Structures are given as C-alpha cells and as structure tokens.
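Presented below, as structure tokens, is a lone chain in the form solved without ligand AKG.
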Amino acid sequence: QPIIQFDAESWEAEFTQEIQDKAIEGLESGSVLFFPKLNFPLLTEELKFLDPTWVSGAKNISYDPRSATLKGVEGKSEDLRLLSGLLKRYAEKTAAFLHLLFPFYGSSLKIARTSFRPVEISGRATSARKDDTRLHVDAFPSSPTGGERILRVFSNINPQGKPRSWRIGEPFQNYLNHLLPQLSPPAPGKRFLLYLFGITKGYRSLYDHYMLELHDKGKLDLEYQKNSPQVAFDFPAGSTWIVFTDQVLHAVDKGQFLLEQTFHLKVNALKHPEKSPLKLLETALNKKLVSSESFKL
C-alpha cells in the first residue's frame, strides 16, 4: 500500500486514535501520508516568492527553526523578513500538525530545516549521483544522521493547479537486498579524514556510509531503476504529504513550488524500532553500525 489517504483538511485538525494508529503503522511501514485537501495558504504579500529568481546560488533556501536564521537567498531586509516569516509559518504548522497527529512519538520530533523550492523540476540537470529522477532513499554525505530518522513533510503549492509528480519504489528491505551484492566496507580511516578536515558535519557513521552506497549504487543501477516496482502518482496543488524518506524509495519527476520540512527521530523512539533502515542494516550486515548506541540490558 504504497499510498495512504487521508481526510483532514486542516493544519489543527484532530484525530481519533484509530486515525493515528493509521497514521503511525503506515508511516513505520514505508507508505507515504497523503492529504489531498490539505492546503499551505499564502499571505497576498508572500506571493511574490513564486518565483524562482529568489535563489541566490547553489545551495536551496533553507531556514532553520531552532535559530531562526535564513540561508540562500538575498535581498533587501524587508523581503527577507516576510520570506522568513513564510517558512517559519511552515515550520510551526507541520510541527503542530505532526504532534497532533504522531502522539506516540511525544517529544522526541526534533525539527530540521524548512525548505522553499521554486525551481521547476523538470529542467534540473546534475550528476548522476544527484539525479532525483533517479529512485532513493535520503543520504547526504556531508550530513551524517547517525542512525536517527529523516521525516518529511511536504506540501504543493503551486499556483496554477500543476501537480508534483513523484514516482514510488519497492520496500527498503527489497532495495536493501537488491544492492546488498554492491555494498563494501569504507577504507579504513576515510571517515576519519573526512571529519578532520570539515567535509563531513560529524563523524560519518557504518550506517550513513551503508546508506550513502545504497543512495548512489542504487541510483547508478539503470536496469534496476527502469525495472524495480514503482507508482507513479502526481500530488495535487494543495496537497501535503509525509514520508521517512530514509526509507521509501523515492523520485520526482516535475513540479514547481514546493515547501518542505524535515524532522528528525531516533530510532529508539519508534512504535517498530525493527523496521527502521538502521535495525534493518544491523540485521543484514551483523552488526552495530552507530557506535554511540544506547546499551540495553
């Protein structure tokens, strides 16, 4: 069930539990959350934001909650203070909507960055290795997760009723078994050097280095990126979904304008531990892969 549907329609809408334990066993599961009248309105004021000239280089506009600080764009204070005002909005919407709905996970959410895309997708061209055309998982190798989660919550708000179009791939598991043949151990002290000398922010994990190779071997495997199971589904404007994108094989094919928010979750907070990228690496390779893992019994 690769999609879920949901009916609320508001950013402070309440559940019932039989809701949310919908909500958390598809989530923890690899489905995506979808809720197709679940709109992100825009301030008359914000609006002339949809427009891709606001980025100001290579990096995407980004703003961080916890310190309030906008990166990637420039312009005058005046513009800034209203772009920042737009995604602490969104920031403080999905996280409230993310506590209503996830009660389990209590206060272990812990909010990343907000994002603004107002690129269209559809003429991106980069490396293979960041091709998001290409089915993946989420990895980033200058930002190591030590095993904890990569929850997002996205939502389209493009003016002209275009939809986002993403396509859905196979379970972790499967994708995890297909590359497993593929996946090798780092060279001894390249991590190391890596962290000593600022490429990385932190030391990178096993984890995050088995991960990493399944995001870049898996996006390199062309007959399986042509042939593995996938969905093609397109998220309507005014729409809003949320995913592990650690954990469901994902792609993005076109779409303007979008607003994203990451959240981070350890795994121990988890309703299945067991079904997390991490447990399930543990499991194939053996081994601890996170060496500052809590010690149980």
Second form
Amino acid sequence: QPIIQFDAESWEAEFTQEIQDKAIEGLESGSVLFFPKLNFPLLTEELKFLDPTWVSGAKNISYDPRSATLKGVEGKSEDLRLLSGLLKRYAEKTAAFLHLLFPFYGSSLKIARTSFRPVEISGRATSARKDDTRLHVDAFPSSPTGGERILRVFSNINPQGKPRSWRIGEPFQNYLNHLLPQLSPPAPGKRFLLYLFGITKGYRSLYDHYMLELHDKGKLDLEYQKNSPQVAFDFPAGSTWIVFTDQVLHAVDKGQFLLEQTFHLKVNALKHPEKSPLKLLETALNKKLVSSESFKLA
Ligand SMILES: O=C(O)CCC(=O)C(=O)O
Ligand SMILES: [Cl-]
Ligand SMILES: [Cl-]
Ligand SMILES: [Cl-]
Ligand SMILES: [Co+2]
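Write the structure block of the form solved in complex with ligand AKG for the protein whose form solved without ligand AKG appears above.
Time for the whole complex; same chain goes first.
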C-alpha cells in the first residue's frame, strides 16, 4: 500500500482517532499519505512568485520558521517580506495540520526548513548524486540528522493544473538489503575532518554515513533504478502529501511550483521505533550508529 488516500480537505480538518490511527500506521510503515482535496491557496499578492526567476542561486528558495529567515532569493525588501509571509504561512498551516493528525507525536514534532520550488523538474540536470529523478531516501551530506527522522509535507500549487509526477519505490528494508553488499565503513578520521573543516553541520554519525551511502550508491546503481519495484503516481495540482522521505524511496520526474515543509522527529517518539531507518540499520549492522543516542537502562 504505497499510497494511502485521505478525504481531509482543510488545514483545520477534524480527525477521528480512527483516521489518526490509519495515518500514523501508514506513515510509519512507509506509505505516502495523500490528500487530493487539500489545496494550499496563494494570495493574489503572492501569485507573482509563481515565476522561476525568483531563484537567485544554485539552491531552491528556503525559509527557516525558527529564525524567520529567507534564503535563496534577492530583491526588494517588500517582495522578500511577501515571500517570507508565503513560506511562513505554509510552515504554520502544515504544523497545525500535523498536530491535528498526529497527536501521538505530541510536541516531539520539530519544524525545520520550508522550501519553495518554482523551477520545472523536467528541465533539471544535476550530478548523479543530486539527481532526484533517481529513487532515493533523503540524506544530505552537509546536514547530518544524528538519527532523527526527516518528515516532509508537500503541496502542489501549480496554477495551470499540472501534476507533480513521482515514482515511489520498494520498502526501505528491501532497499537496504539490495545495497548492503555495496556498503562500506567510513575512512578512519574522515568524518572528524569534515566536522573540523565545517563541511558538515555537526558531526556525521555512522547512521548518517550509511544513509548517505544508500542514497548515493542507490542512485548510481543503474540496474536497480531501472528494474526495482516502483509505482508512478501523479500528485494533482491542489493536493498535499506527507511522507517520511528518509524511509520511502521516491523520485520526481516532472512538475513545477511546489511548497515543501520539513519536520524532524526523534526515533523514540515513534509509535514503532523498530521500523525507523536508524533501528533497521542498527539491527542490520549489529551496532550503535549514533554515539549521541540516549541510553536506556531498562
Ligand atoms: O521535488 C519533488 O517533488 C521531490 C524531490 C525530493 O526528492 C525531495 O523533496 O526529497
Ligand atoms: Cl480519510
Ligand atoms: Cl528595498
Ligand atoms: Cl572520524
Ligand atoms: Co528526496
């Protein structure tokens, strides 16, 4: 059940506990939660941002709700204020929706960066490792997680009705098993140097090392990319979806105009921690993969 469809149409939707249970069980099992009727409307004064020329550099436009800081775009202060307001509203609406849908996580949901992506996917071309037309779980070389989950909310805001074309791959445990013969330990001392030199924000844990290896080696495995089990799904304009992108294999093939919000969640806040990439990797390699993990005496 790679995609679980929900009826909720509002960012303030009321959920029964039965729907909450369906959502958390599906999310933690590695399904995409799909809300075809959950549109994120833009204000008239924001429609001008549906324009790829707002991107000023190599990265997409980003907003940090914790610090109220907008990056990746240049321009007049007034335009930057409006664009910050758009991404801040996305941060607020997604955060409220997640608290309505996932009370089990309580206050453990920690918001991270908002992304606005106005460039058409089908014209993109990057290095193999950065090429998100290749199935991957999310792992970012400059930003180790220390084991925390990467939970993402996505909304297709295309104003011409164009879908966002994804592919969704096989379960994480099967992906890990497929790539296990290709995994290797880090070179001794290298991660410490990456930290000392400011290449990584924080220290890259062994977990983050292996997630990066899965991400990178999986993208370079051309036979796996072509032949592994996967479903193609078009997320319609005006829809929203929610997914642990560190667990669900995903790729994007085409589309334009997306809002995305990242949240972090500690593994011990999950309903079924044993389903997390951290615990699956720790079991598969029989070792502790994050030295900063808490210790449970019993
Ligand atoms: O742009 C998209 O639709 C998805 C890209 C992706 O791989 C991600 O956001 O993690
Ligand atoms: Cl539903
Ligand atoms: Cl100005
Ligand atoms: Cl090291
Ligand atoms: Co991704």
